[PDB]
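Note that one protein chain is taken out, while the other chains of the complex remain in position.
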Amino acid sequence: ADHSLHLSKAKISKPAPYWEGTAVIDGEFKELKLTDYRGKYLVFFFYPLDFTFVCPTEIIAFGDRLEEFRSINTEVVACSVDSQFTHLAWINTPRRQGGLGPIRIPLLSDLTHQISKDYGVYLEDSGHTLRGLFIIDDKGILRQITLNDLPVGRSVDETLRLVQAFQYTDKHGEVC
Amino acid sequence: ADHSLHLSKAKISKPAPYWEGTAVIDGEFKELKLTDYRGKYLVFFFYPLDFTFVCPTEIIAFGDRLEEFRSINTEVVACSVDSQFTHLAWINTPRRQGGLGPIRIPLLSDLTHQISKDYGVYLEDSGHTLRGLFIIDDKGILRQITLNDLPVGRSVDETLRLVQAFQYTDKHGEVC
Amino acid sequence: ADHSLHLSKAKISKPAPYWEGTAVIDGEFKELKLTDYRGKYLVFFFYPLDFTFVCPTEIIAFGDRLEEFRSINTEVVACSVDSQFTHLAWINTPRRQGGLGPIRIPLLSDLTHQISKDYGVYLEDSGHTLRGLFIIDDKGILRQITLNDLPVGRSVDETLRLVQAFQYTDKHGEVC
Amino acid sequence: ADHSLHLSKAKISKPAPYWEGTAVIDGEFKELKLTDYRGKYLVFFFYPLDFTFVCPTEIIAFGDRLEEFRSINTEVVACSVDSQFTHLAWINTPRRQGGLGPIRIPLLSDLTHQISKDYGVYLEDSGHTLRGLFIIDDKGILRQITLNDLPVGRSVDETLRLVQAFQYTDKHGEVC
Amino acid sequence: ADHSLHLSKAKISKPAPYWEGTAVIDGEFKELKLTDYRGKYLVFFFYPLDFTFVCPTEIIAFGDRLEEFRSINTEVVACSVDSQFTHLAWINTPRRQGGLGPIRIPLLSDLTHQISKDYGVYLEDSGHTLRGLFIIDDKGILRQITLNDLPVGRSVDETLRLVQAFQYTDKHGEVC
Amino acid sequence: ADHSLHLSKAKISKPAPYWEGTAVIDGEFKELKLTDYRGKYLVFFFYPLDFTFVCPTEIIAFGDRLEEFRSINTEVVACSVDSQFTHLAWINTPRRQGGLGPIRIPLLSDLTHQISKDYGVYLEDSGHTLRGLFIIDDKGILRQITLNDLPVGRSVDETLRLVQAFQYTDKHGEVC
Amino acid sequence: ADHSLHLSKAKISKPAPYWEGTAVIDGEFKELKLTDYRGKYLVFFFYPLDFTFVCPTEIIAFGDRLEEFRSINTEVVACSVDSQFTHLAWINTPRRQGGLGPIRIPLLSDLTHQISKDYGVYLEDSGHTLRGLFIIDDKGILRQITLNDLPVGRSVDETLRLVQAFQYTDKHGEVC
Amino acid sequence: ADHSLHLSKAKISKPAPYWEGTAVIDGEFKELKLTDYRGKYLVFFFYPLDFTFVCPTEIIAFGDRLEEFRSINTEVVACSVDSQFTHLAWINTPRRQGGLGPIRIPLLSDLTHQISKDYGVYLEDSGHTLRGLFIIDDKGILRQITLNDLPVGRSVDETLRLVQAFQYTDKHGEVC
Amino acid sequence: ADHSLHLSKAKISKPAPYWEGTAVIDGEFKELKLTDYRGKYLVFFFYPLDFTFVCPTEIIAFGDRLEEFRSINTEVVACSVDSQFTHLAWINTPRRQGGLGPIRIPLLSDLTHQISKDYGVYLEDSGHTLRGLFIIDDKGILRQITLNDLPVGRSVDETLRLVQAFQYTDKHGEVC
Partner (left out) sequence: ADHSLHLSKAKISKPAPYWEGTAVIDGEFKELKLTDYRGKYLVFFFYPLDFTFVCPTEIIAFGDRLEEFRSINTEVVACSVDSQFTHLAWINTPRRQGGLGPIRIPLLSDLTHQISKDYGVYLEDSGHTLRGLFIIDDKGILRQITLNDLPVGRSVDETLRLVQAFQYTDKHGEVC
């Protein structure tokens, strides 16, 4: 139990840790699980907080390119330690007044801080997580781990490339 | 160190647990300590969440009756496990749309869950706290502990009479 | 076994600790148990001592207004660390001489200090308990915990309000 | 850490356990200590409860014959787990009504149960003590231990005989 | 194993510790158990040593008054840490030459020190026991514990009255 | 020491683990340390093995774009569990015969497996590491962690973008 | 503490365990120590009991030949677990009645069983020791250990031979 | 786990530790076990590294004289902590440029460092092994352990002589 | 495991420790056990070393008087920490040249030091045993233990006397 060492259950080429929670999807609360994405690829990413003073360009970019992700049989889910009521309020607030507006990416609530601890992204002194990202294949196996310091974000193009690459490895062998 | 027994540091006739955090006070972020209230009485209470579908009649009632509490040398502080950004958004939201509206009672953030564990109010399976209330005298001594189940709230009149009674006991002897 | 942290078995939204003992009811010794109140609400409260120099206004007020509590399907029981013989002598002594006088509220003896430790009210250095109050619903679930400092007592009106509120929550949903 | 094995600090020919408390002496509350009896002999005895249905013949007999004990440089103290208020009420109640009446033997209160555990007389299941008696010489050394069942009491003549014998041993050598 | 605390097995109102040994009875060696006295009362007492320069007035007095004890359905047994050969020699020695002389009270040998440790009378530094006495009812329940410092002995009259009182309590209720 | 959990010393926003070793630089053995890059940015990455049947496009791409990394004050270092003699032979082998050819990127040796364990990349079952990449700032603070499953490699463009982003955050504040 | 293995402090060519006690010498009680024999040889032997039905031929033989032991600068001491009062009575009884009669060998009392445990001769189930013998030189060094079953005793001639042999070894070298 | 003491599983006249791995045999990768050599003698030896600047005299000498070992029903296997790809490249490189060239002795890979630890040859600070040699009989029993320091190597003639001696001992008794 | 206290398994009136080994009997190696002497008496003794510069008068004396020991149904065995080859060479060497010469007493070997440790005679600092002797009855029960300091040996006459005494005790009762 040395700080954040033993807490993390995330290992590559191993079954990704199981999570369940309440997500705001299409403006309604829903129950979501990891195994709901079996037989399909999943991009699962963590961002620090809602209602901050910085534009959520990552979520907006991922949502605007969502049909490009499911054109290769992949879903995308975002997570935060906020509650589903805060997520709904963040969506329901107009983007001009510092909000999300309509979004097509499910917003998962980690109010118990447990999903964050399983994936090793929770910051004890901060009370929230860092900016992180995970790729999970059809069989629920962790294939990629990316972890950034807080200011910096993640690129949609890189995630597309990585998912296509992992799928190509799944289908064929090795490329020269 | 199981459940809420060993975690709770709150005891009556003992120095109340020390807390510090960031609060939305009069619309701006501020840094607040417990010792900022030394020499005065303090009503420190918890509520489950922001942006819920239930009217926050407790906070509104306490804030509307603030001159009665200040006239007897007492301040009032509310706490929740939400971030200061969520508190600010909840205040800035119109009350007709479900928001708090303007308030004169500081909203303290307990994003790290530590304040909740100190006072024995955090619910592990829920991710938030129950509805609890504490009275702290001029010297920072816990005088009263009140814990309700989640649905039911607290009455401003009872808090007024309790604080007046504690002050009267401080000034003089027992009454016949 | 850190002082009084681990001794208390009282948790909210959990089954209230089981207690049994000998009570002075209607001037006679009787055997009383917690489960004797199943199917009804129960106001279970503690007070420091018998035969003291202060007036027992709490017990007298609760007993004098017992039909209001019984009209909402609720019983009331008082507890102390005194023996049943002391309770009987306190009742049998005229109230003008400093006694209790006739009472309609059962007086429960906690001579072994076990009930006090279960509910986390026993004061080790004093040899008696503080002023505590507990509400238990039809199913034996703790709904409310109130702990005052020794000088200050409890209000019958607040207890009535809280019992009515919990019952209303039991019957209907949430009120706006 | 058995029920009454490790708790008892009472050993013969060893210094008697130190005790302090509040006693009803001549109708007034007083502070009493073991070392207040240094340089004199002390008969320290326990009895189960106040305000019981049985006659306190032991206390009455010891008090009525107090000049015999004082004529051989010896005091007598009685102890119980009742509070000093119960002792005062028991004395103030007329003996015809079942009370103690006026008494010349101090009544020591053990509400914290500590004195009872030091002398190994506290009964855990009952919440009070058995009938025990201890003799302590001028130097605070335990000379005699006597433990009876709850029904059976002690004799004043035997106590006087034992005190005279111990004093004679203190002065001279051995008698043939 | 703190000194002589955990060693003692003797408790009031609990089954008395079981003992067995070799006794000099009527001038012959015999095997004796505790259960040989079931259905009768038993006075079991200890004395320091044989062949000392002090007259054994206790043993002589108890033996001379044996018909008084037998007339109330009671036996008496004496014990010491000496061997049965020493007891036999002490009896066979003329009383004028410092011996015991003929006796009607069995002398039990505790050469292994185990009986002494069971009843909490053995003195580690002395190598023998103190002067102790125990009363055991028909069912083998310890009713009275008396422990004297080494110089002082016991009175036969007190033992008679104690046994009569315990028997009276067995037969009927409390006396007024 | 639960598998690879406690072994890893690599944490974000914390000083990157210290490493030292022998590197093949410009065709010669040299001693290299982490502190040799203090006051400059460093891209530290791992690759599985030398002399394999798969072309090392990652190393070749990083080396060919070295002047573009150096224009933003950044070095690049590669690590493997192979010995410096294996690295030298791999470089000293023509690329047409399945070799590295000349390279401008230092090749570090992790023959003791310590560097891999510190950065949490070593695979116990296979005896080498996965494909990992780390960004370290001027002050030796870990800024970003990337872990790919073995088949899939890393992109020079993404690393350049991330380093530019971290540097921009270092210089200015936050961008809208 | 495995039975009797760890209790014994007796080792050969090592300083013999220290003992002190009360001995009957010339018919008077005396305090005796091991170091009282320094600079002088000592034969220290253990026998089971006093006042038994078997003639003490060992003690009588050793005493009758005491001048043949002190003529080679050697003392003899006997020990038993009996008390000095029993030893005195055993001496003060004529041999025709089963006694020692006058004796010139000191009789040491081991009432605390500690000397026996140090020399590893105490029998737990018996309550006394076996028949044993030890030789100690001028410097307090154990030179010989002899241990017999209870029924069999020791020979004075063998002890004389052994003491002469050890003294001759002290004076000169090995003999051919 | 005292450094390198408990790791070693090799013991004379005991079943040799079991090993399995990948070897370069006749220019192809193969799977090899220890039990593949049952019914034959086996010379299992370690050497530090591949591609070093020193000449591999041991391997070349053993391979060039392999028919002598095979004529006495003996196999030879070499091991190192390098990967099978490094072994294949070392063989494929011409001997003029510092390679093995063609070899008839299998090259076993110990990339996991486990075989080295089982046979007690791994050097923790170096990252490789020392030069050690082991003889294993038909039944898989270790007959000899030889451990040279790093510079010094092993002789083919001595190994042949030792294998012949062990076989002769197997066939018949001791020779005069 | 305190030095040599815990090692010894030899206790009186208890079954003697089991031993097995290789003995030189009548000039030939034989396998010998303790149970080979069941149903008859055994004298088992130790001596320091073979081939020393001191004449082995003990062994010679025991062997020369062997028919006198056999006439009372008793065997004699000697033990040492030397190997059977050393024993055979010692016997096979002429007595004039510092040897044993022919002997009729079996010479047992304790090369593993186990027999010596079981009987508590082994000396850790010197690597051999002291001079000890043991008597074992028909039932394999240790009857007498003799331990001499190294210079001094044992007497055949005393052993004969002791064996005759033990046998007489076995047959009859006690002698006067």
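Each chain gets a letter, A, B, C, D, E, F, G, H and I, in the order it is written, and its residues are counted from 1.
Just so it is clear, a contact is a pair of C-beta atoms (placed from the backbone, for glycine too) under 8 Å apart; a residue touches a chain by one contact, two chains touch by 3 or more.
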Touching residues on chain I - with respect to the absent chain: 49-53, 81-83, 85-86, 88-90, 93, 111-113, 124-128
Chain H residues touching the omitted chain (full complex): 2, 4-6, 8, 11-13, 54-55, 130, 143-152, 155, 158, 161-162, 165-166, 169, 174, 176
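To be clear about the criterion, only the chains that are shown with their structure count from here on.
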Labels of chains that are neighbours to chain B and to chain G: none
Option reproducing the contacts of E-G, where over half of them reappear, out of D-E, B-C or A-B: A-B
Rounded Å distance, chain B centre to chain H centre (Cα mean): 75
